[PDB]
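For this one, chain L is given, so just place chain V with the ligands on it according to the hints.
For reference, the chains in residue letters:
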Amino acid sequence: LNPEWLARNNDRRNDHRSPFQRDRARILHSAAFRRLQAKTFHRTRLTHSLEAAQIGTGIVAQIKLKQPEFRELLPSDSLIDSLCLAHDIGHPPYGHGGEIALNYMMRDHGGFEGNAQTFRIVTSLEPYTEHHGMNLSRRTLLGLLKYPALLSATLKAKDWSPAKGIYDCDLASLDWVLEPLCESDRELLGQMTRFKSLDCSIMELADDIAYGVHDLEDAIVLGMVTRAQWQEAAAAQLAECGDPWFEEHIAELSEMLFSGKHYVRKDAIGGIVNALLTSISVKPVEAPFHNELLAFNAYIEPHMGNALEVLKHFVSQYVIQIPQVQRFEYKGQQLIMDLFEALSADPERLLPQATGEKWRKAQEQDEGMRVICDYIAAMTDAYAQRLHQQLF
Amino acid sequence: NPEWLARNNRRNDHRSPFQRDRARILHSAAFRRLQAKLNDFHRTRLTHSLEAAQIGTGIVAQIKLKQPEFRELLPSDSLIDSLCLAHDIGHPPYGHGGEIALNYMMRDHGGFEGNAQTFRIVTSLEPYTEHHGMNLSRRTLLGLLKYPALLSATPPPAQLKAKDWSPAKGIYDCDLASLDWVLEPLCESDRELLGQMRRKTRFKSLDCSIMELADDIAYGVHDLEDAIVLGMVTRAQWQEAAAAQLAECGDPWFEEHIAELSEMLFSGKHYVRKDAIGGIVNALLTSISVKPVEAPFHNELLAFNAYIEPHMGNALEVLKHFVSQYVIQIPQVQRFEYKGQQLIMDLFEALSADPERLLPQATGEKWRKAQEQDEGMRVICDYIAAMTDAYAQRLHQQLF
Ligand code: NI
Ligand code: NI
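Going down the list, the sequences are from chains L and V. Sequence positions in the first sequence follow UniProt numbering and run 5 to 15, 20 to 48, 58 to 171, 186 to 223, 236 to 435. Sequence positions in the second sequence follow UniProt numbering and run 6 to 14, 20 to 47, 55 to 171, 176 to 179, 185 to 224, 234 to 435.
Isolated chain L (complex conformation):
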């Protein structure tokens, strides 16, 4: 593979780390990563990303054990770590409700979307360097493009959900990452999005497994799920999902999940995680890609995938789509819209002096609204709440 994938956008003797170990190091020290401790028993988006990173390195170890052909093509541990630790930095306060509020406010100025924001943070907003954000290696950035097209190409929540892609205001740093690809590879990547790099496919499965399994254990202990509804929703569907392992073991997994002892539940959760993780292989992507990082993706075996989708659907139906969580997101989306409306009413007067200055400079190219959106996107829930109390 080309050494141009190890390059950074901008340029000690004792530091002999790989480029991906330096990327992992920057992501860990960043303010964008540390704030995931605020954004949501102590399960946070930070905790979720750590769990995803552990599943992601487990996926790689398991692939390079059964498919030695790819041992050199697979991402190193610190690269797959970096994509899982950074994947969620772009999420705003109040999650999906916050995303909707911002996207509506920015409807006439490029929109808002969490994956777009993540790319925007690592290429510009995180102040590790003056002009290139965290200035990550090119392959790391390519791994973060879950949707490698621009959004120009791609109180009711359904209408305002954002499309997925990269902001047009970040096209320069998108051009830089895709630069060492032949034209034909580049033309396909924006095809509809349908495609993504090998490293990013591994990260997506790790996020999917973490979402499916690690939210589940604390939902059982908190009583948000009863034994009866687990049987009616998840356990019955897993008996008919078509994967033999889940069909065989679901009954005993359910008795372990309701054991009432953590050291027994841990065995169920680990066995599910291990079963999904050991069910992934690298196959060639069905497109005439030339670059090996785009010609191969990691895929979960289809039947195991049905089991994973039963698990994600169950977590969304009994942990996220319950009125108590959805009312909190409604409140957050009203709160964000209040903040956006007050701040844009008189920005140079209400923004903090550092952000007010970036607003005046950004208004020379009429990009002031994006400066306000970045600022709100970078708030924690508590910061956004005190600002609301200050203004109102």
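It cannot be assumed that every hint is accurate.
Negatives, chain V to chain L, calculated, CB over 12 Å [stated by the list, open to error]:
#1 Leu10
#2 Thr61
#3 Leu63
#4 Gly112
#5 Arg270
#6 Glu295
#7 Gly303
#8 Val362
#9 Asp409
Label pairs and their in silico Cβ distance ranges [said to hold, decoys possible]:
#10 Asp261(L) x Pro366(V): 18 to 26 Å
#11 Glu391(L) x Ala388(V): 55 to 63 Å
#12 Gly303(V) x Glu283(L): 23 to 31 Å
#13 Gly266(V) x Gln222(L): 44 to 52 Å
#14 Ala262(L) x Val307(V): 21 to 29 Å
#15 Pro395(L) x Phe58(V): 43 to 51 Å
#16 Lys304(V) x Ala385(L): 46 to 54 Å
#17 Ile365(L) x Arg403(V): 58 to 66 Å
#18 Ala271(L) x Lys189(V): 35 to 43 Å
#19 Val307(V) x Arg370(L): 24 to 32 Å
#20 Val264(V) x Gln432(L): 31 to 39 Å
#21 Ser169(L) x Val307(V): 20 to 28 Å
Rather than coming from a laboratory, the hints here were simulated on the basis of the structure. No residue lacks a Cβ here, since even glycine has one placed at the ideal position from N, Cα and C.
Just chain V with the ligands now, kept in the frame of chain L:
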């Protein structure tokens, strides 16, 4: 004897003495206060008392059908109503936690106890009359003597432990005049037997045995439904605790019906759960009869009590123990009581630091008058005992 219709003290008012007692209790400030003591749950001591009253009248109806011999002796509807409406009047803020605090703070002045407080409210404190409280008829008062002895008949030393300061049960010595009046038409032999101990009193009147059964049935069953929907008990815990014990309790109806009763209670539909509750209540009511008391009492209101059939008693005791294990003896409830008992003890120590200066003016005046007999502490105790939780919280904030 018509002496049971007499009071201590209009043309068109043709109500019975017991109908007038019921109306007074319904109108009293003491009764209205039971309403104070994200869901839509509003079960209070007031609702508990309405449900007891309705079970009480149902018990009387079953006895007057199965035992006509006793139709002259059984209480009228409004008498059994009156005893269930009033039974919880004396409870202090914070339930048992308040009771422990007041009793400890009155350790040298007669103690505090809720049943004693109930007697004190209806015979003196509730200002319906100037000198005799609600001025209820003698038989109504007798029905309220769940423990017809003085606390002198029924010390701990040494942060506070609940076991060490739970009050004995009885009547305050400062209310002896009103107790002497209630027991006056009894022969001496009945009177010295009534205060007999099992200290714990052993005996009570027929009207009061009925109220006790209705109260126990209300406590057993009507707490049970909302415990289920609030998630305070799961199906599994119901099976291990209540349902298994009821399958071995010895009463044939419960052993036969428990499986179907458990599926109805966890149906998730109010219109199905109420039929389980109604059947449990009805199975318990229809198992009560009047039998003679095992003591040579001469007065008919003391010679007979109502008793529940023993195997049925086991079923009721399973239900009462179950609500105590999953609705009351949980840390969430017990911490609220600990806080309340710390709160009550603070108010008492501040108010007794200087009562004239800190009490409301009307209570301050009662405190000055009571000091001619050196009973000032009981005035502070009545005042705290009649507060709601919200009033106590507000008074505490003004002081701390
Ligand atoms: Ni994620
Ligand atoms: Ni009661």
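Taking the hints in turn, this is what the structure says about them:
Chain L leaves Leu10(V) outside its interface by the beta-carbon criterion, the shortest separation being 55 Å against a cut-off of 12 Å. At the 12 Å boundary, the C-beta of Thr61(V) stays outside the reach of chain L, the nearest C-beta of that chain being 26 Å off. For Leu63(V), the non-interface assignment is confirmed: its Cβ lies about 30 Å from the closest Cβ of chain L, beyond the 12 Å cut-off. Under the 12 Å C-beta cut-off, the non-interface status given to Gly112(V) relative to chain L holds; the minimum distance is some 26 Å.
Not every Cβ of chain L is farther than 12 Å from the Cβ of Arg270(V); the closest lies at roughly 7 Å, contradicting the non-interface assignment. Residue-level check passed: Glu295(V) sits 18 Å from the nearest beta carbon of chain L, beyond 12 Å. Residue placement check: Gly303(V) does not keep its beta carbon more than 12 Å from all beta carbons of chain L (closest about 10 Å). Every CB of chain L lies more than 12 Å from the CB of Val362(V), the least distance being 16 Å, so the non-interface label holds.
Every CB of chain L lies more than 12 Å from the CB of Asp409(V), the least distance being 55 Å, so the non-interface label holds. Evaluation of the 18 to 26 Å hint for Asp261(L) and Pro366(V) yields a pass: the beta carbon distance comes to about 20 Å. Between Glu391(L) and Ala388(V) the CB atoms are about 59 Å apart, so this pair conforms to the stated range of 55 to 63 Å. Evaluation of the 23 to 31 Å hint for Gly303(V) and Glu283(L) yields a pass: the beta carbon distance comes to about 25 Å.
Separation of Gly266(V) from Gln222(L) is about 50 Å and conforms to the stated range, judged on CB atoms against 44 to 52 Å. Distance hint check: the CB atoms of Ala262(L) and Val307(V) are about 28 Å apart, consistent with the given range 21 to 29 Å. Checked against the hint of 43 to 51 Å, the C-beta distance between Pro395(L) and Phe58(V) comes to roughly 46 Å, which is consistent with it. The given range of 46 to 54 Å is respected by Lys304(V) and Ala385(L), whose C-beta atoms sit roughly 48 Å from each other.
Restraint check, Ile365(L) to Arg403(V): a C-beta distance of roughly 59 Å satisfies the suggested window 58 to 66 Å. Between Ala271(L) and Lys189(V) the beta carbon distance is about 39 Å. The supplied range of 35 to 43 Å therefore holds. For the hinted restraint 24 to 32 Å between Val307(V) and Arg370(L), the CB-CB distance of approximately 29 Å keeps it satisfied. Separated by about 36 Å at the C-beta atoms, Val264(V) and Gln432(L) satisfy the suggested range of 31 to 39 Å.
For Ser169(L) paired with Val307(V), a C-beta distance near 57 Å fails the hint of 20 to 28 Å.
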